[PDB]
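Spelled out, the chains give:
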Amino acid sequence: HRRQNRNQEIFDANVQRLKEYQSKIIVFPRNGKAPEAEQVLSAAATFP
Amino acid sequence: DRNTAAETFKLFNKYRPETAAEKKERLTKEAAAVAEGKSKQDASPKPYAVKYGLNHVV
Amino acid sequence: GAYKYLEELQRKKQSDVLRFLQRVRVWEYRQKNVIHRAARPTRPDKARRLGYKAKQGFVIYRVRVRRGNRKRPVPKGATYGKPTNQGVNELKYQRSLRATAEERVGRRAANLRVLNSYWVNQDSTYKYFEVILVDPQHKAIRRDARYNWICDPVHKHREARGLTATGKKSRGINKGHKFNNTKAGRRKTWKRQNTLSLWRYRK
Amino acid sequence: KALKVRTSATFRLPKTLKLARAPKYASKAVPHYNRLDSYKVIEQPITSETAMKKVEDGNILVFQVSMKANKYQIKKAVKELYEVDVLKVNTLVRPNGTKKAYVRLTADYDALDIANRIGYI
Amino acid sequence: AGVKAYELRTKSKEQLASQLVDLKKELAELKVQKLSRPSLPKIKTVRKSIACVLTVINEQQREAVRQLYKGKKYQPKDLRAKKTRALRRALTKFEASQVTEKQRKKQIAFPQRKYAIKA
RNA sequence: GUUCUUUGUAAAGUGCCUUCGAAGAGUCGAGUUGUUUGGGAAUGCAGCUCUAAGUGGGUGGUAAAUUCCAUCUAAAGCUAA
RNA sequence: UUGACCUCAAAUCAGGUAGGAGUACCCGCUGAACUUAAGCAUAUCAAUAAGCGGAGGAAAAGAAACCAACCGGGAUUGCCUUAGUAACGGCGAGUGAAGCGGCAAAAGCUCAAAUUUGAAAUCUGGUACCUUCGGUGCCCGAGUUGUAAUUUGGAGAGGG
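Protein chains in written order, with the entry's author numbering: chain BM, 99 to 146; chain BI, 83 to 140; chain BO, 2 to 204; chain BY, 22 to 142; chain Bi, 2 to 120.
Watch out, some of these pointers could steer you wrong.
Stated by the list, open to error - Quick list of the computed label-pair ranges, beta carbon to beta carbon:
id, chain 1, residue 1, chain 2, residue 2, range
1, BY, 112, Bi, 12, 52 to 60 Å
2, BI, 126, Bi, 67, 52 to 60 Å
3, BO, 52, BY, 53, 47 to 55 Å
4, Bi, 86, BO, 191, 21 to 29 Å
5, BY, 42, BO, 157, 49 to 57 Å
6, BM, 117, BO, 191, 44 to 52 Å
7, Bi, 82, BY, 139, 42 to 50 Å
8, Bi, 48, BY, 47, 48 to 56 Å
9, BM, 100, BO, 191, 24 to 32 Å
10, BM, 131, Bi, 100, 43 to 51 Å
11, BY, 112, Bi, 64, 39 to 47 Å
12, BO, 41, Bi, 86, 32 to 40 Å
13, BY, 44, BI, 103, 31 to 39 Å
14, BI, 134, BO, 7, 29 to 37 Å
Calculated from the structure, these hints are not laboratory results.
Just so you know, even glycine gets a beta-carbon here, dropped at the ideal spot from N, CA and C.
When you get a sec, could you build the whole thing from the sequences and use the hints?
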């Protein structure tokens, strides 16, 4: 919450880094079910 | 002056903030108004009592 | 909004209105004991913004701290050393009188915890402070989890270890290149930077 | 607008009411039993050769009494066990870490038939 | 074998008190004849009997005291469990687990969710 | 995983327009003295004297004047690995 | 004469807390000299040892009044490197830090300053009950010189 952005390609990279991430994860519903998802130990490794 | 102070507080005696005695008794009717009329806190008459608080009066 | 007025009015300490009060207050404090119970906070605006809450459990004490410098306790002025540290009368001590105010008050009542302090008055001989303390064994502070941290044992005698506002300033712990000697503890930074670290595999 | 007359020239605390005690619970729950009962006072009679010949002539019994006991607590413990009164009690501390007591019963009894009836003679 | 442990548990309060003087007297007798001959190992087996009956009185007497204070607060200090000084001090689980109004509103509204990566 | 309440006309989050938006004082800072620092026309601290400001204050570590820029918000507080 | 406010007190008043021990690590205060300078007065030893106060399983620090000036980064802590370096020093002996970079661990936040004023909605205590590390009912007290909710600056508040 304490850094501002001044480059478009840096903003584009970070915005693209969130759109791709949200499409590659599943959020387990609060209700129930949600079977095991074979967790991956590292998140930064999957996104170089 | 003594006369002014007596007259001033005599007006105050006619306008007193609600104590726990009346504060308890209203909520029965207020809940009864809620239970029966479902009023939006308007069944009771408008307050005209004196105010309190140094951070309030300022 | 009656608290913005006491702040700005108190900021004009040299005003004629304040000069009358301070002379009256200093006489009242002097005739009392060095440390005694402060029944009501004389500066509600200052205490309120320092963490004090005017509710059940909080108490105030008033303390008079002797004014001046720290003369060495050496006998007859002899220092028995190199001609470098031969001075006795012109040493200035390393903590503010505010820190001593907490120490002498936080030690008289051990059942309490020192929260903060502030300047109230002063004269040629003394510096007056009023210290706000909390009681962690009181059920009011035990509940109302906003102030549960004062009940933790790790906050035992906070001012004795210099963890208060004046404590963090007297020992000078702050962010910035202006504070590199003391940024994470003067001794700890020294030991961290003055030591020989030998690994298993000497590169 | 009125001030009380003061015969004295000094101020003193008025004698207020000293409130009594009313704890919510007992101090130590059950009280301790009798630490020095009639039996721990008298532990074992002395049977030495020199003590024995004092029984027959002076009508004096010798016991290894408890250290904490005193002649007030000796004169009553012995008369409750052996139902014999005591003329006087003389008590010394033995140099081995124990306490000795000479109990001289009154002329109405003799120690000879009392010493043997408890077992030692 | 002296006396046993659980047999005298069923004994009444008055009967146990009279049991001491029964043991207490015979100790005064065993001292008298112990000096007579230099062998008496029977004194040990029943001096452990006087202690057993004394112990049973306290466990029965403390139970009655404890039952009197059940339901109400401020029980006697020794009845309270010892723990350590630090554990007896500090915050109870209710006091520590308590949270303020604002932070609680955030907690239910925004809990920490669980997730993973599949594709 | 199974279980009884459903706590609630209560609480929380999102777009749009307008008006506001309070933010810590003997403190900041300056001189001087002493100590410390690698801190060098003064690194930090402490004593005394003076002692404020608001599109203000601190910093941009050779002083000073004039005019710009960048940077964050002090003098209150809690927190595991 | 009666009844309230403020201040100061009394008791073997009800309920609590603090002292001491250990100090290996941790937080500060105070604080030398031997020695090096092949003499010795600045210096170094050393912001050390001794002395003092204070805690925990870790302590401390910790969400910038930061570093940078770069296409800027972004709580704190520890390792490698920066670096025997900038700098300090009878510029002699000697002392000598920080930014950036890679790694380990990753976490955030909270008050005051805003009239809820058609509602002190806040809290302790005592008493009674109970599905009793707590909850409910009732009653004396703290409290508006201010207690809850609401926002703390990344924002956010009042209206539509």
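> Which numbered hints turn out to be false for this structure?
Replying inline: Structure breaks hints 1, 4, 5, 8, 10 and 14.
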